[PDB]
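Only one protein chain is missing; all other protein chains are in place.
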Amino acid sequence: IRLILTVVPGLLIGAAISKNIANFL
Amino acid sequence: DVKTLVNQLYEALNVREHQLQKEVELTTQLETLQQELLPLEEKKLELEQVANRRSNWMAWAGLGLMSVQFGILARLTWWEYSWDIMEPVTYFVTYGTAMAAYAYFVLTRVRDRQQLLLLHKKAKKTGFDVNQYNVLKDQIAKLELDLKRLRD
Amino acid sequence: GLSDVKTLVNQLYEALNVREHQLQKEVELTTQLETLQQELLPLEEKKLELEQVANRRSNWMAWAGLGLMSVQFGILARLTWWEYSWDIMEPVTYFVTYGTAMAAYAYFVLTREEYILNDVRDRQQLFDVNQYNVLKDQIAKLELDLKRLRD
Amino acid sequence: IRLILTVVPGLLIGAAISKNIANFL
Amino acid sequence: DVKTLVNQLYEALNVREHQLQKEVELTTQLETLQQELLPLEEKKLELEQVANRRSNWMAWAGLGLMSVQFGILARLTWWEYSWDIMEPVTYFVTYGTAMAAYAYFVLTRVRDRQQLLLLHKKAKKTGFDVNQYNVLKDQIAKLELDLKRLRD
Amino acid sequence: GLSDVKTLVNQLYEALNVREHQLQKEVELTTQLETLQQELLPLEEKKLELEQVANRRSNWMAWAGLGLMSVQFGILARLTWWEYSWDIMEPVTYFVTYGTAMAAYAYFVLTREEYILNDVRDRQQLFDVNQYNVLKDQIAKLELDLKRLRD
Amino acid sequence: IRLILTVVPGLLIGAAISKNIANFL
Partner (left out) sequence: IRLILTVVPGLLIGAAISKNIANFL
């Protein structure tokens, strides 16, 4: 349960940060 | 000559009621040893848990980082860019991640006996002297086995 | 230390009392060795049983791992070469390989964490290998001394 | 013998399931 | 009383000439035990060398198979075909090699002491008992050490 | 066997001659502990020297490996992103990675083969760890007996 | 020395066998 709660938020956080960095350029 | 002399000595000191004396002395020496063992054991258990939490946390963090890298690449090669332009970026990101894992390994550096020796070496923590705990466990095991023989 | 010298005098008395020191001691040595082996038998049986029960598990688990790897290979091979061309399914195979490596890593982390957490909990709440090993030592020393006495 | 009987059915099963899933879409 | 008895027995049997007698008895006991140990070392050395030949040969065969595959891929990827058609074959050949290596590592199945114990359990050949060998090594070690203390 | 029972009598005699049974025995145990430790020190010196001379080697070897891998990384990145395109440098990078992995495995097998050959040859031609080990065990038992005697 | 004598013949053997198999089709 905790495994899913660790991975999935990390993946979504990675997506949003890449979104924002691409926005930044 | 000396045979009758050791016979007289046996009659004097070794009253020959020594069997039950051996039983009771054994079953109290065992308790004294266990009481002597418990502090060493609690030190070992605390040390093991403190060296376990670290590895657990580090492993979970490593999994989180792999997932974040996955997310960064999957949001790049399917929304912002095309696959072909981000093909070499992914290969070199994978290469760089492998190199960083290798660098982490190089920077961080009977099976139970090996684990305990390395833990004591990494500790230099007094109060738990591994060889003392080992000879203690060995003496206790031998004594308890002799008690099993005595009770029969 | 009175008990110590008492046991010492008893040992000395038994040693001087023996007749045929080189013969009768060899007989008693055989009896003692036989008795210790008969005592060891249950410990060895328990160890063998526990080893087998903990080994067939790992064999089945690795076999399942191989089956799953082959299943994934089959999925990729048909998709790449029958349904869609390779040019459109290059990213899918890369990211599925990534997902598979992460799942393998996640399985190792789960088994390690679960096993070690279960062990520490059992140790904090609480087949003794130590007496079995001490028994092997005593019996090997006895057999060696018997060998030396025989020839 | 058992090795072949474990791998090959798995590979064929993977192919057929991928077939069916692609059919499904 | 009994103290005077053991004093008389000390003068009787414990002649007290046992100092030099102990030195010479020990320097011969050590040779005796070493002569006893030798066959065990021969058996262990032979067994370990036979189990090492096999590992070397298998690792060399592995390297040979690795290089042959690399050769085949290179020739097709630059002479007989183009890179476009040989990307999926390359990836799937790498996948197949990984699966085969894993199938091999599954069909095969204090650090030195663990290794020796596993080797003995796997090979299980009579004439060499690791336990008697260990206890003999430890007894001869303690005797050499005591002899060092005596020579001073 | 007569010498053995004589040694039993000798132990008995050293036991009976004691004055201040627990005090002088505690003193003698302290001297024994001191003597064994003074003897143990040279072995620990040898072990620490050997461990360090065997640890720095692996550290430097791993650093060299990491540096070489970084050099290859840099080579591939510059050839891929500036001079050429990824379309033309795909097979080159794949086969260079293959070659690097094969060379690493070849280096491992070569050091393994050389090490085992040298070790078996030296063993056939021929810091005693086992006397160090029995020294640690004996000195620990003595320190433990001293503690139990203290209180 | 032996390392070279193991790898290089293997690579050449791989090339020739791939040659022959392509010839075969």
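Letters A, B, C, D, E, F and G name the chains as they come in the text, with residue numbers starting at 1 for each one.
In this section, contacts are C-beta pairs under 8 Å (C-beta built on N, C-alpha and C of every residue); 3 or more make two chains touch, one makes a residue touch a chain.
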| item | value |
| --- | --- |
| Touch with the omitted chain, as defined above, among F:83, F:122 or F:151 | F:83 |
| Chain not shown: contacting residue from F:63, F:107, F:115 or F:127 | F:63 |
| Hidden partner chain, residues of subunit F it touches | 63, 66-68, 70-79, 83 |
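Just so we're on the same page, only the chains that are shown with their structure count from here on.
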| item | value |
| --- | --- |
| Comparison of D-E and E-G by number of C-beta pairs in contact, larger one | E-G |
| Whole-Å separation of chain centres (CA-atom averages), subunit B against subunit D | 44 |
| Mean-CA-position distance for subunit D and subunit C (Å) | 37 |
| Whole-Å gap separating subunit B and subunit F, where each centre is the average of the chain's CA atoms | 18 |
| Residues within subunit B bordering two or more other chains | 2, 6, 9, 13, 60, 63, 67, 70, 74, 87 |
